[PDB]
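Single chain ahead, written as structure tokens, the form solved without the ligand.
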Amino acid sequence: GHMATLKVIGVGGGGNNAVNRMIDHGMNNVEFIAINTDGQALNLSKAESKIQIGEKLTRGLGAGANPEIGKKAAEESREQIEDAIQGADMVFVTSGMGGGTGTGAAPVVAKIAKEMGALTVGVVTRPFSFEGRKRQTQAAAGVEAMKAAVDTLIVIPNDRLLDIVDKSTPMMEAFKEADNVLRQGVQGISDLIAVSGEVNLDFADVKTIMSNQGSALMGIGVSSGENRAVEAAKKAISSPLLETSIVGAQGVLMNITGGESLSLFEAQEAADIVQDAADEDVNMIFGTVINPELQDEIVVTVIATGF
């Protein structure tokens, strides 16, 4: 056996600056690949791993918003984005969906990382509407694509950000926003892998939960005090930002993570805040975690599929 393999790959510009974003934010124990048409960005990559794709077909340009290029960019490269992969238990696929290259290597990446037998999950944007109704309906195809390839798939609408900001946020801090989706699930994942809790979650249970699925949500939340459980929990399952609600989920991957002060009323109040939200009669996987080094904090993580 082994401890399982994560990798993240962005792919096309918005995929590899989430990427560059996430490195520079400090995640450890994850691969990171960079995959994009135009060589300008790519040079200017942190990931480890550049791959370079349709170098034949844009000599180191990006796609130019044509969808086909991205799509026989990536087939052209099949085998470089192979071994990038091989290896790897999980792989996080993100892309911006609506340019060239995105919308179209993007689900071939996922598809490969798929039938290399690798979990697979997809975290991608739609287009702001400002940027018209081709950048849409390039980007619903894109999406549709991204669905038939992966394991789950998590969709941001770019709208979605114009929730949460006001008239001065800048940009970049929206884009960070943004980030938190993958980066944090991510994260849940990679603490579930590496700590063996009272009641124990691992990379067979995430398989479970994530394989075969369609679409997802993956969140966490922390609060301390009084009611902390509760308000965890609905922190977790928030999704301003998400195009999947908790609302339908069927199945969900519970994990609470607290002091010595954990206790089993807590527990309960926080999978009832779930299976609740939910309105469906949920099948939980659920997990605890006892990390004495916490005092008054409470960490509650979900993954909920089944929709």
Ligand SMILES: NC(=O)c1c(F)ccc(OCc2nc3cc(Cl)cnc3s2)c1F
Second form
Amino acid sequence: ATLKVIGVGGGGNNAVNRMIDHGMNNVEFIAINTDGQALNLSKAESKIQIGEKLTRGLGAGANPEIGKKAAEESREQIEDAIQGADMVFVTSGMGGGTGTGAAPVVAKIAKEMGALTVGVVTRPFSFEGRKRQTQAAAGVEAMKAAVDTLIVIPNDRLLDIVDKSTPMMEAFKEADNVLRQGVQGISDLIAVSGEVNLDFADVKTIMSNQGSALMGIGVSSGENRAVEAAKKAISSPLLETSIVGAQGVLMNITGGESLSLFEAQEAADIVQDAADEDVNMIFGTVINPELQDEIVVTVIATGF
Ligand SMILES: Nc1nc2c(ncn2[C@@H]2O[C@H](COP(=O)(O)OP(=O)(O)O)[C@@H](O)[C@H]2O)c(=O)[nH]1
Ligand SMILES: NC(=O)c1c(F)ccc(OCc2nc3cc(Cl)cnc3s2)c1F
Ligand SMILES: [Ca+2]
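Could the form solved in complex with the ligand be given as well, to go with the form solved without the ligand?
The next block holds the full complex; its first chain is the one shown before.
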């Protein structure tokens, strides 16, 4: 199963750069921008410049109709870079000319290519103004209508998690983690055969043609570890779509040899509970004798 991550527009291309610096193996990156200046600064291996005729190497100047046309224009170019993919992650910052327009086109194409297509998009800060927020909203709606599942990260949520001196770039990589853990998480699942095994078909079942989505992970050790880790995996300080309301959950617990049946029920009860719905769950377990005392709990919840 081939996963590609594609950032669209400046923010999404900054996400691709920081993820890459982090080192993400077996995932192919694709940078898409109208602004050739930034694109040339990408560490993405596969680089597509969109709307060259339209913008002449510049960005879309806040006009999503430019970014939309620009991606339509280079449609074939995007199709090729996508080609061979089983699952694609389209990541972008809503509210600009390029992401708000092109990203939903890019996501459309991916789906048409038969790829499981997931978007991780930001909503703009309230301080950016009312107009940029309305434009982003339209983009989010377009995203929803082009994807299999969507995660929305309101940039305003970052204000919840910083003190007055936390640098902006440090607030940003906090947001990076949502997508990054999502991708690495789904990558391990595929890679390893667990003792209660989940695979890409289980991923497809839970994420295809859904709507909103939650992706999360929690780590704990100590005595309430399972319940602790499970709480963290559905914790949503930066999330717009909360766990509550969820019809479907794919869930996995990784621990060492000491993983007990009892603590696994504790963790699952927590999730099924917090949804406070009749969750159709797909459960999995991994035993990594390396892990010893740590417990990892991972969630993909949809069906709202
Ligand atoms: N969280 C986050 N948001 C960003 C980042 N860069 C840009 N944005 C947001 O995305 C919106 C669009 O900006 P950008 O993606 O650079 O413009 P575009 O290239 O024309 O799509 C802005 O209003 C910002 O809220 C980033 O690095 N992190
Ligand atoms: N039982 C299995 O087949 C298996 C495995 F052998 C290794 C890892 C697994 O889960 C890894 C994940 N990590 C994450 C992170 C987020 Cl943010 C969301 N969902 C997931 S799923 C599994 F489900
Ligand atoms: Ca597996």
